[PDB]
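> The primary structure of each chain is shown beneath.
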Amino acid sequence: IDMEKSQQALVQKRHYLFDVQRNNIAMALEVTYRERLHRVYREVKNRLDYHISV
Amino acid sequence: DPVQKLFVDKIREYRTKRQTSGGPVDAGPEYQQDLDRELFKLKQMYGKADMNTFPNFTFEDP
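These protein sequences, in sequence, are chains b and h.
So for the first sequence, the deposited numbering puts the first residue at 108; every next one is plus one.
So for the second sequence, the deposited numbering puts the first residue at 5; every next one is plus one.
Note that these hints are calculated values from the structure, not bench results.
Hints are supplied without guarantee of correctness; some may be wrong.
Below, simulated EDC-like cross-link-like pairs (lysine to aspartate or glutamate); rule was C-alpha separation at most 20 Å, straight line [stated by the list, open to error]:
hint : chain 1 : residue 1 : chain 2 : residue 2
1    : h       : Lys47     : b       : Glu150
2    : h       : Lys52     : b       : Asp156
3    : b       : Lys152    : h       : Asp54
4    : h       : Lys47     : b       : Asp156
5    : b       : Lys152    : b       : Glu142
6    : h       : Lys45     : b       : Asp156
7    : h       : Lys52     : h       : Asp65
8    : h       : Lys45     : h       : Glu34
9    : h       : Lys52     : h       : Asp40
10   : b       : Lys120    : b       : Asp109
11   : h       : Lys52     : b       : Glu150
12   : h       : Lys14     : h       : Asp40
If we strip away everything but chain h, and leave its shape as in the complex, we get:
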């Protein structure tokens, strides 16, 4: 199973990725701008509510 060089190569490279992931590695500002735009469209589709605010409607009657 280890004889195939490519499998072990990918394995070790991903291992290195995991250790370097102590923090996420190689974001790059492009990453941040993409996050910005996609989160913006997501929230705009959803709304302007808080991250985790449990709201209420304050009902009424006819």
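Looking at chain b on its own, in the form it has when it is part of the complex:
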């Protein structure tokens, strides 16, 4: 009986795995976002800088 109760509570707490998966996906996309921003900004910076060099 006690084992049944305990595994029932485990089943209750089950969701954590899926939630971690979603968290991963979400902020993976987010920091992809932010690095793309960095990429464009840095590229334009370099493009404009090789004219000050000249």
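Take the given structure of chain b and dock chain h to it, following the hints.
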């Protein structure tokens, strides 16, 4: 201020430089080759992109 001959001398010679600068004066081929090499190293450090092309990355996803 003008009494010092050297100051006025440099002044007038630079004036002449300015007027003769209607185009840059006394390049000499050495000038061109030096330009070539230094621009070459500069672009090679930077890249092979155009002078003024506004590019894009054409992003993607995982």
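> State for each hint whether it applies.
For each hint, the structure was consulted:
1. Of the supplied pair hints, the one linking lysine 47 of chain h and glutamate 150 of chain b holds, its CA atoms being roughly 15 Å apart against a limit of 20 Å.
2. For the suggested pair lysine 52 of chain h and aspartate 156 of chain b, the alpha carbons sit about 14 Å apart, so the restraint of at most 20 Å is met.
3. About 15 Å separates the Cα atoms of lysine 152 of chain b and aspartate 54 of chain h, which keeps this hinted pair within 20 Å; it holds.
4. Of the supplied pair hints, the one linking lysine 47 of chain h and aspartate 156 of chain b holds, its CA atoms being roughly 11 Å apart against a limit of 20 Å.
5. With a CA separation close to 15 Å, the supplied pair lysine 152 of chain b and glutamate 142 of chain b stays within the 20 Å bound.
6. With a CA separation close to 15 Å, the supplied pair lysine 45 of chain h and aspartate 156 of chain b stays within the 20 Å bound.
7. With a CA separation close to 27 Å, the supplied pair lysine 52 of chain h and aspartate 65 of chain h exceeds the 20 Å bound.
8. Distance restraint check for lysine 45 of chain h and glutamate 34 of chain h: the Cα-Cα separation of roughly 17 Å lies within the 20 Å cut-off, and the hinted pair is therefore satisfied.
9. Taking the CA atoms of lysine 52 of chain h and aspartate 40 of chain h, the gap is near 15 Å; set against the 20 Å cutoff, the hint holds.
10. This hinted pair checks out: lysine 120 of chain b and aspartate 109 of chain b have alpha carbons roughly 17 Å apart, not beyond 20 Å.
11. Using a Cα cut-off of 20 Å, the hinted pair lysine 52 of chain h and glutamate 150 of chain b holds, with the two alpha carbons roughly 13 Å apart.
12. Restraint check for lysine 14 of chain h and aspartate 40 of chain h: the C-alpha separation of about 31 Å exceeds 20 Å, so the hint is violated.
In this structure, the earlier hints numbered 7 and 12 are contradicted, and the remaining ones agree with it.
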